[PDB]
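Take a look at this single chain, the form deposited in one PDB entry, given in structure tokens.
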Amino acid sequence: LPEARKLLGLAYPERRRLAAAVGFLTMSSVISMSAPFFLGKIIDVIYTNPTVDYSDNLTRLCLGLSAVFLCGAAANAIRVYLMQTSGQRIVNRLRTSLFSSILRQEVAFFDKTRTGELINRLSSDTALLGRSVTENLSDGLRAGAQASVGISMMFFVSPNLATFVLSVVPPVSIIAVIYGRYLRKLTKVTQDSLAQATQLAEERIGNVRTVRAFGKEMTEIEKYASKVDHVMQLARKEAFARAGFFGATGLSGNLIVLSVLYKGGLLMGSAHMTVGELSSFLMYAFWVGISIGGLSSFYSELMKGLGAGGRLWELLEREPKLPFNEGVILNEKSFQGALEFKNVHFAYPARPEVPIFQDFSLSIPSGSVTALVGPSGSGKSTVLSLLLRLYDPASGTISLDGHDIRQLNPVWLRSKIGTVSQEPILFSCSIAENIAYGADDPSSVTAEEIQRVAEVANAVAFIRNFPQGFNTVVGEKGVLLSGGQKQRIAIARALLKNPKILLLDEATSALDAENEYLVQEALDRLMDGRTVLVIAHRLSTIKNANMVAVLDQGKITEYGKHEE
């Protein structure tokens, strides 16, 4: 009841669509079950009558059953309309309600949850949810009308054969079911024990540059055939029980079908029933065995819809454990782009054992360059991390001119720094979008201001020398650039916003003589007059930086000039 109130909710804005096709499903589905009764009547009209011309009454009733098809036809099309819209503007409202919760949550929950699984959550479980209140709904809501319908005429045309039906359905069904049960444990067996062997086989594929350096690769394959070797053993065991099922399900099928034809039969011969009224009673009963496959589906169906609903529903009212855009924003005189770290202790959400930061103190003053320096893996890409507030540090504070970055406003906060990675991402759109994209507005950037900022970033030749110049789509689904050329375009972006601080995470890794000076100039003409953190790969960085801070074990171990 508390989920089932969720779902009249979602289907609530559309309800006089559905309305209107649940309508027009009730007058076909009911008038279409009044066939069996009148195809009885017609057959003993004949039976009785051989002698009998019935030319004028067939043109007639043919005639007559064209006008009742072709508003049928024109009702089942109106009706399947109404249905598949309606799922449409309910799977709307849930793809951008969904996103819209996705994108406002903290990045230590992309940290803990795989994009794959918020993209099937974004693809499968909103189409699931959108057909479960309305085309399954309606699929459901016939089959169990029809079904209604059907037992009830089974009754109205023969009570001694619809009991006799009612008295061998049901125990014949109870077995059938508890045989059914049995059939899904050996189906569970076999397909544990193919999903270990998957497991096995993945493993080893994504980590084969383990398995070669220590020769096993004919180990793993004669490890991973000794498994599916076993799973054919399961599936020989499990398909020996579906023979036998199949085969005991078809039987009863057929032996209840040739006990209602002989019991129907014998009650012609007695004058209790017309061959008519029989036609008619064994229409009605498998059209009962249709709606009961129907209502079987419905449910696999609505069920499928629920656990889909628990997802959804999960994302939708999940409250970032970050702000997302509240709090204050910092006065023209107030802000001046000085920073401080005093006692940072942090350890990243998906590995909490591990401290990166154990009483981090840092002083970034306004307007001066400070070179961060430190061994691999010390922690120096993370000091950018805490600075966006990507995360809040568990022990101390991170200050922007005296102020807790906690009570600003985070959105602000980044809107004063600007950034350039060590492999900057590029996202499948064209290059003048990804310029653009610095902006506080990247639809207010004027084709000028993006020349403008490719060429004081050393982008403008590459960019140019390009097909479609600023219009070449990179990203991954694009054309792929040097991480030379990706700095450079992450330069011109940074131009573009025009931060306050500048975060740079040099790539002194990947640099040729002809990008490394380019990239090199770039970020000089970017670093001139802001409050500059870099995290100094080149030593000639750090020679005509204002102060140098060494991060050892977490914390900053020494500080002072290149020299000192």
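Positions refer to the first chain, counted from 1. In this text, the rigid core denotes the largest set of C-alpha atoms whose superposition between the two forms falls within 1.5 Å. First, how it differs from the form deposited in another entry.
- Comparing C-alpha positions between the two forms after a rigid core fit, one residue in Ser297, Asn120, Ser444, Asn207 moves 2 angstroms or more. It is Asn207.
- Once the rigid core is used as the reference frame, the Cα position of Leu384 differs between the two forms by less than 2 Å.
- Once the rigid core is overlaid between the two forms, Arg236 counts among the residues whose Cα shifts by 2 Å or more.
- Put the two forms on the same core and the Cα of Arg311 is off by less than 2 Å between the two forms.
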Second form
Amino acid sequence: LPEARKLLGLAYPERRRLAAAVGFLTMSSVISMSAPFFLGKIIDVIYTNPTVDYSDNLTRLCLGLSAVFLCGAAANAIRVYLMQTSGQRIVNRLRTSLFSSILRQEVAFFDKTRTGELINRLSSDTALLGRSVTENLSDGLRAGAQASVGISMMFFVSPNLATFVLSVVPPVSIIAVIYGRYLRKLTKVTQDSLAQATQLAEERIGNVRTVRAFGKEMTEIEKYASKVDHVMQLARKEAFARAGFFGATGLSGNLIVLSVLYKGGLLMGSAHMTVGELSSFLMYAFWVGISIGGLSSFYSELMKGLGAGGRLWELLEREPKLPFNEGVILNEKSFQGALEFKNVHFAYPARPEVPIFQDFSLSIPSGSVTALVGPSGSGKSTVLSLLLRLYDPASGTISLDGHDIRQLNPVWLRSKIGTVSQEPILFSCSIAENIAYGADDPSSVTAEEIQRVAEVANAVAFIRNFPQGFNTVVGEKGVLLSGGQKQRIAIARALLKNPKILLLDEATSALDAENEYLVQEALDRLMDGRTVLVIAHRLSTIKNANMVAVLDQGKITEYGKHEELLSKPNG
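Now show me the form deposited in another entry, since the one above was the form deposited in one PDB entry.
Coming up is the bare chain, nothing alongside it.
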């Protein structure tokens, strides 16, 4: 019931197009159901009057039927168009609405939901739902109307023959459903066995180095051969049941038709029916058969659409656990760029058992370079995720110029913070579009502005050296870039953003010699006159930093100047 109201509201903006096409469907289906009745009358006319010339009647009827078909073709053409376009408009609304809900969700949601599932819900499930209220609804409506008129016309033509069909088909159908359920079981048994054998195959192929190492290729080959030779034994049993079922289905189908031809034939000779009347009944019986299969198919697709519906309403009505674009903004005067971690406790949502910060307190003063030092896996990169408010701490507070970052507008907060990652991420756009991404309006930035920041970032040389220049499509689906090239485009993107706070994640595994000089020069121009928090692995950056913070087991164990920290009581 609550799912039905959601499906009705989905079709509601297209109600006039769908009703017009339903009108065309109703007409086409009803006028078409007249053909067995009128063909029954024409059959009896020829039979009664074999001596009469019907040339003018045939020509007048065929010219009449030609115009009816031309109208029928135009009606069907208009109907298909209205149904396809209505579905397209429904799917379009579902695509834009779903993608909007997804991007508004917190990072933690993406941590527990695979991109593949979100894309499957965006591609497959939106297509299902769209046609389920349109094309599927028309299919089930046509089949439902044709079964109704068909059964009614069977009882109209002959109540005796119709009651007979009604007493024979249901018992046969119930027995066929029991045989069909047994056949489904034997198929699962064969396909479970086959799945096991393919998992074995996939595991051994994927880990062929370990298989070689232990000289087990011949062993695995024979292990797999035994599994698939067993699948063959299960498939033989499934084939025997399927053969016996197709034989039983075929026999029953033929003997039911034969019973109607026989009973009908007897009723003809008894003067209860005519040859044409029997032809009507058989034609209507064939139509009901097709209409039953049509309703059956409609039901399968209705279920698939309802299943897809639940998966979409689940994301569309999902409220993010972190504010999207809501909170305060600070004026030019009260914003200085000072940050403060105060007794911060945090564990990732995917691994809540593993604590990252255990009473983490750090003061990053305005315009000062703070160097974050610690062992690999200590949780240095987690500091950047918390400052951008990708996640909220479990306990403690993160403050910007005395304000808890939870009170600020997150979109605004992130506009004041720039980041240059260990492994920069570039989308499959032009180099210019990737650089423009820094700006609050990437459409407003001029070609001259993209060139300026590219020169400062020591990127302008390799970019112009590319055949397409700034229009070179990069990312995964485009032209591949070196680590240092990606980093300089990231520095260009940061430069254009022009943040007061800058967060730097240095590479522990240092890049090439020629890159490492051009990148260090660009990083220094980017660090100038900004609040910098650097996760450093180079002794040159720690020495030049205003203060050094040592992260050991989720807490700041040591805090002071590089010289003061090195000149510890034990040295």
